[PDB]
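Visitor: Residue strings, one per chain:
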Amino acid sequence: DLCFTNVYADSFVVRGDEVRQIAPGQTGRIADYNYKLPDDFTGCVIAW
Amino acid sequence: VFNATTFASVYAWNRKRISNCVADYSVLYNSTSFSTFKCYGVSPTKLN
Ligand SMILES: *[C@@H]1O[C@H](CO)[C@@H](O)[C@H](O)[C@H]1NC(C)=O
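Sequences listed follow chains R and W, in order.
Going letter by letter, the first sequence gives residues 385 to 432 in full-length UniProt numbering.
Going letter by letter, the second sequence gives residues 337 to 384 in full-length UniProt numbering.
Honestly, the hints are just simulated from the structure, not real lab data.
Worth double-checking, as some hints may not be accurate.
[Stated by the list, open to error] Calculated pairs, DSS-like style, for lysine-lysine (alpha carbon to alpha carbon, straight line, at most 30 Å):
| id | chain 1 | residue 1 | chain 2 | residue 2 |
| --- | --- | --- | --- | --- |
| 1 | W | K374 | W | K352 |
| 2 | W | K352 | W | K382 |
| 3 | W | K352 | R | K420 |
| 4 | R | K420 | W | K382 |
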C-alpha cells in the first residue's frame, strides 16, 4: 500500500556462508573489500 | 586456536588464555570461513 521512489536493484553471487554479511554494520571479506551497506539503509535484501 | 588439530568435548572445554598480541584478524580471510559470528557489548566495525 506504498509508492516507492528512486528504486535500484543490485545483484551478485556469493557463497552460502557469506550471505550473513550483506547487512548494515558487518565485517568480513565481503563487507570490507567487495560490497558495503550504509548505516541508514532503507530497502530489502533477498537471497536464494 | 582455529587451526588446532584436536578440539575439546563440550563437557570439558579448553579455556585458553591470550595476551601481548595485536589481534589483526584479516589474516584469517584467506584460510577459514565462518558460518556464525556474533558479538555482544561491542560493534563489529570498532574491533580494529
Ligand atoms: C588463499 O587460499 C587458497 C586456498 O589454498 C590458496 O591456494 C591461495 O594461495 C591463498 N591466497 C594467497 C594469496 O596465498
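Visitor: Does each hint fit the structure? Answer for all of them.
Guide: Hint-by-hint comparison with the structure:
1. Between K374 of chain W and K352 of chain W, the direct Cα distance comes to roughly 20 Å. Compliance with the 30 Å bound is thereby established for this hinted pair.
2. Between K352 of chain W and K382 of chain W, the direct Cα distance comes to roughly 24 Å. Compliance with the 30 Å bound is thereby established for this hinted pair.
3. Restraint check for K352 of chain W and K420 of chain R: not satisfied, since their Cα atoms lie roughly 34 Å apart, outside the 30 Å limit.
4. Restraint check: the Cα-Cα separation between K420 of chain R and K382 of chain W comes to about 15 Å, which is no more than 30 Å; the hinted pair holds.
Consistency with the previously given hints fails for number 3 only.
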